[PDB]
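Trainee: Following the hints, complete the assembly by docking chains L, E, W, D, S, G, V, R and F with the ligands onto the known chain H.
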Amino acid sequence: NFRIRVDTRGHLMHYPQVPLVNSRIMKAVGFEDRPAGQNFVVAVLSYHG
Amino acid sequence: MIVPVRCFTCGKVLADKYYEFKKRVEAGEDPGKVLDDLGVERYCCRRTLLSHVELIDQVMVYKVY
Amino acid sequence: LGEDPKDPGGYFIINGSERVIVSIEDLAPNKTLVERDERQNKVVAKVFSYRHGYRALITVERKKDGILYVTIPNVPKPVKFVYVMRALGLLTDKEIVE
Amino acid sequence: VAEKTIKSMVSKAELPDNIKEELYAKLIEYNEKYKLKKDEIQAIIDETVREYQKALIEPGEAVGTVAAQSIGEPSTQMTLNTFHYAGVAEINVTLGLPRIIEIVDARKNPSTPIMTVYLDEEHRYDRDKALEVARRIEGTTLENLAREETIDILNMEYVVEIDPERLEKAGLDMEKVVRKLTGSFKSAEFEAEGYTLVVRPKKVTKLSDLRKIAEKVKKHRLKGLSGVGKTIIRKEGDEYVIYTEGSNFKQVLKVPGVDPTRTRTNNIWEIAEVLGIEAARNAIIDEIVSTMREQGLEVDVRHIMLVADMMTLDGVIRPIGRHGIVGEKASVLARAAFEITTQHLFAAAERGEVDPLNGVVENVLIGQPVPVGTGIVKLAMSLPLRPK
Amino acid sequence: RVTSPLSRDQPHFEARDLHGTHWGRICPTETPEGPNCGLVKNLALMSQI
Amino acid sequence: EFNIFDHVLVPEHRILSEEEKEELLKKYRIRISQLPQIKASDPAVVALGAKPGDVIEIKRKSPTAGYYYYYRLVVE
Amino acid sequence: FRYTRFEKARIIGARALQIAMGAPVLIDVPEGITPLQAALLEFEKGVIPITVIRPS
Amino acid sequence: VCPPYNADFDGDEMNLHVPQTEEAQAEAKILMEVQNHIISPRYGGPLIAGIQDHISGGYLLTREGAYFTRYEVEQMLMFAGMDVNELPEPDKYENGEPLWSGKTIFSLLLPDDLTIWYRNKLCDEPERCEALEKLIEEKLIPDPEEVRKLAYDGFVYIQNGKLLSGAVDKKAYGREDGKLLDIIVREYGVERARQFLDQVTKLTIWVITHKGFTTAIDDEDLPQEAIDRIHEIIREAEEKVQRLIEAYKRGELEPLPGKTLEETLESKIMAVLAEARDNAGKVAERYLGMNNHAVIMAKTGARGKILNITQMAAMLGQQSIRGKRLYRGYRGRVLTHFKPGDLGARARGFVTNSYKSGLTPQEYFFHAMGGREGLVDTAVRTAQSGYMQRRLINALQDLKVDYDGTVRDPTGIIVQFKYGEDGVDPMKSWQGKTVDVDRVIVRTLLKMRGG
Amino acid sequence: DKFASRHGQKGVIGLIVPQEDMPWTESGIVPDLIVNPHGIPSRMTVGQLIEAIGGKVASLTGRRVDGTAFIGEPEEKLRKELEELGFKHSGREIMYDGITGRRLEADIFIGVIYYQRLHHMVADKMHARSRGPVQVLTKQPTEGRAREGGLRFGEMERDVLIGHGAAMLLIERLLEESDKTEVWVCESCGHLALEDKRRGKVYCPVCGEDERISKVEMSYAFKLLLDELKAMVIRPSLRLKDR
Amino acid sequence: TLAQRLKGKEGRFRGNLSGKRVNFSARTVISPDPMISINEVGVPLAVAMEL
Ligand SMILES: [Mg+2]
Ligand SMILES: [Zn+2]
Ligand SMILES: [Zn+2]
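Residue numbers (PDB author numbering), protein chains in the order written: chain H, 685 to 733; chain L, 1 to 65; chain E, 148 to 245; chain W, 2 to 389; chain D, 441 to 489; chain S, 6 to 81; chain G, 2 to 57; chain V, 454 to 904; chain R, 880 to 1122; chain F, 303 to 353.
Isolated chain H, as found in the complex:
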């Protein structure tokens, strides 16, 4: 119900995504039904500093 609400400061991240590997508990709580974040694809190396 974010679009019908009055609150001092709210946030809305456009495209959230379900986290690849998670915990079994997170599904039984309801975090998977309204998540908060995205899956990047990271490489580890030191670039130009």
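You can take every hint at face value.
Far from chain F, some chain V residues (derived; all Cβ distances over 10 Å):
# : residue
1 : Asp-674
2 : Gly-824
3 : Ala-832
Computed far set for chain L versus chain R, every beta-carbon distance over 12 Å:
#  : residue
4  : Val-3
5  : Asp-16
6  : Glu-20
7  : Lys-23
8  : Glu-54
9  : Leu-55
10 : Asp-57
11 : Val-59
12 : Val-61
13 : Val-64
14 : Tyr-65
List time: in silico DMTMM-like cross-link candidates among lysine to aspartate or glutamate, alpha-carbon distance up to 20 Å:
#  : chain 1 : residue 1 : chain 2 : residue 2
15 : S       : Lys-44    : S       : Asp-59
16 : V       : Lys-693   : V       : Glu-719
17 : S       : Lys-44    : W       : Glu-329
18 : G       : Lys-9     : V       : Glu-486
19 : R       : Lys-967   : V       : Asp-671
None of these hints come from the bench; they were simulated from the model. Every residue, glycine too, gets a C-beta built ideally from N, C-alpha and C.
Mentor: For chains L, E, W, D, S, G, V, R and F with the ligands alone, kept in the frame of chain H given last:
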């Protein structure tokens, strides 16, 4: 929040194969071949299609005129 | 109606802002706790007790010369345990002893 | 070229150089055994003076402020160490940041004192002789050689109890057993299995109140010298060093065998009354340094020496706050912004007093340039000035 | 949240340490840093009142 | 049997004759009352028999500049 | 006569302020320069006429 | 410039104010600029220097066998500001292809007269350092070919502007003591140092970037034989503790002098296990080679400690709280999963598994007790420090150094005849001493004799 | 803007480099976030490495790996499955550097880590003060972004500037950015004089005009402080001294 | 009254005299860039127009 029409790393259209994916996987057809059976080679395109939530149907019900 | 089913509730909507009472961890009323040893005096016991709003402390200390005192909130000035015991309701020495 | 010929070239050049550099340079410049000839030797001395001449402090510095900040910065990075070391002798000496706070303040009392005792040329390499000294200073009453106390039944009235073996394996001197009646209050007599019993067959004073007898006889034992405590020995570089707990300076020097010229003591005050004031200054410096080195960090010695010298400026050592320098004389305004209570001490100055300025906080409150830094320079310039 | 009623500044070393009884009643890790640290704690997931 | 001397913490205090007072006081261009001031107690002054209104010359060793001098008075 | 660090800063600071309010400049031509940077080039050539009264 | 501010980069904020009046502005630029503060007044050493990538990249650039092809050399001298003419010359190795030894490219930065030699952290063979240590004393100028080309990787030897032997690590740059950046600011003013510092940074970065410096997950792996080696150590160390407990029960204790019997038992136990953890650490420093991308960071000094690399493939060790072992719990035990009255190794908080293999439920809870300790302390230690500093500032801020070299308080009471036991400023003195005769002799005698 | 994983690798976006100059793997993958390798074997977050491999296996297979504490997917299965899917077991690959273009002479790790954007966004931190409205009765600048304020120059900031020796810089910063009031002091009395408009002249109380009165510049704050002493029976004689 | 006016632990030394917020300033987050000289600082162009 309807499926990202492009992937986030590899530029390739992807919305046109979301729906056809979902209904087929919700009948028992194993995901590891459905994705393969379509044009999804690298895994970078694959992550955005596997993990997504499409909340748009719940939010649409409420209105703001 | 206009609510989301995932909302668990448990808060008030006083004056617009959503206020919630965070539970406060008490120190077990109507109990007895024997305090430690040999810092300034000997051992002391402390008991919190509340009855209708007010909560007061009642220690029955015994400092290292055997006086054995009691603290009262209103005006510190400790009194001997046997002094206070007779002012309460036990007269004979056999009463206290037994 | 030889020894005597370079003891003169240095000599007439030593005027811009200092005393210490004279001894060091000659000794070292000699000790290079492939020894150069003459012309270059002059050049080295010529070069050396340039470095020294370039190292002096620029007059106008603010040595007070940088000394405070450099000592107050590592306190933030004062992390833990291996507090449970694999050592034995020194135990619970209160390291860390709270140690620094104790030395920066006066405090007659301080928590866990230790005094260090070295020994002369007979006790320096032998275990049996170091122990006799140690045993002579420990000092054991009667309330430590026991486990508890209770009373008896009818006429016995009291009893002394376990244990008795603290003399027949440690070696604490049966001759002094007879001594005990040295002006003692009561003192009965029953040395059976080494544990002296004490029977009192009397009256009205004590009957069974075994608590108040603490201040009596029980505390009044004296099985040793120097009413101080535990004594731990340690071989510190083939020398036995005696580490004692507590402190008792007046009577420790008057003990056979303790070398009086090398004992150092962690108690700041006791060193000032026995050794002297200047010796207290050295004790301040040494102690702060010791703390920093055992943490890893290092701080340059000139900062510590400034604070230590400045603190002993009256003869009597006084704390750095509220009872010392900020409380002592400054200008009247330099105590107005410190510990607001001032309405008894502030009105004191109202009876015959002046003030010029030249502080730091007075000039910043009034709008004048402070006398440190650039403020201490004055310019002058002749005014024809044809431009050309 | 479960809160304790003490002083936010003076150090209570014996009140902040994770006591053994917290197992299964109070979360061992969830504790916000700052001047509080240890005073405010969180209920474990598997605990009834 | 000991003394204030012969110890690794107390340096050798010595006293100046009357002449050197004026000579010293001209160099640093200062008044008499502006010097540090020991007390009439503490062994290092009473052993040498010093009177109030004196400038004791204390020479102490500093592990950086070698030999460094100082000057102090005595009051009650 | 070698300046100390504190005296150097002051001389520049004093000299720079004079250059703003008039006070003709020596050869210091290039292109548009602040009054501060003007004092730096003049000092680098050792032509600053301000002498330090030394207290001695 | 991010040791002096003590800043990191995870959101920390800084403010900037701009002075206005011409006297104030001038004063700020001459007296407070960054280059005048490379050495810190607290200790005699450089404060502004190379950090994490700057040190680690410097090692890869100067190891035995770092041959950079012609294209790369050319490309990187243009990345580091320096501006040379047609002298890359002359191609040390032309066997495979015409190419350049790593030492010569680094040598293009030091001025043409720096002679310095010092042992550094990466040495591991105190004999091979010493075989070369005599050939510098009794000759002072040899031919470079004989035994300097019989070089080691841990004995920095620079002679008249040429790095013959040695490798660069945290003994050249860095926030703690580095005796290369140190010497270059004393000998050759202040303005030179910033260019040498600046050009080293952009150089060292360009090699590290284009060369590849990742860490994977196999960097912490040990084979099956080494794993079994650690396991037998943990079994014996446990059984040693059990034997002492049985001795305590039967009253054959043999107790320590000072502490009481109950504390003697604990004192003996902690020493037994601390040896066993460190013994496992010696095994970890032995088997996994020095040529993977993780140990390299540990031995040079760029976010390293050999103690944590070993703590990722071996025992964690005991777990303590302010000294004593874990006692705070139920009436007779720590957790309710052990039997009442067990002072054994495993029961009283000793984790046996590492972070790779994974912690069990009992052990994981024990580790949390030791981690809250570090959290609480750090915020408390700051409180006492800040107040304490306010005391000493409001007591010493008045002192100045007069022109005759005398420190006087504002009432003319002379606090110190000849400042700081005269007369060298701590910002310019050599590790507590002054002028340093041992350095000046070697320096001037070498420049004249060498010609 | 601030980004941080769910393990504790807090960080700020450093540069938003064009897609072309980015090193890429001998396949079609182009990395999105390049993390400094000095942060993993320093903090000891082995869980970060395991999650990277775990996301790669999970994306290829198609099922979501279960990672709950203590009963999660055993470490050895993800490494043994990753190989049979067609990838070096260790997570590393051959990468080509996008700037020039040649393989790095090492293998470069790559994974699928779940990040999350935190709300400490730069739009709510940056603000500047030129010269704002201040208090009237106490005369100090205001606080916050809704009333245009930054931080203050109190106790510690004076002592640092004194340490350098910047006398001139000091004065400008702490006083001149307020009010400076000029008052006429009598030389032999010490008491503040008194004007009179319409005639245009000064006049101190005790001595009538003959005695040379002199101008003195001081901070308005200090003038009020003298008055408080003057309201009592204390006389603050200001004895001036010549240039 | 007067003795609570000049002092009373919160009067007019530490409150308004010896410490103030100042003018001509700015405050924001920092991010790295090793491609500028050791003494230079990058200032965002929005802040450059307000000072
Ligand atoms: Mg930070
Ligand atoms: Zn993709
Ligand atoms: Zn007048």
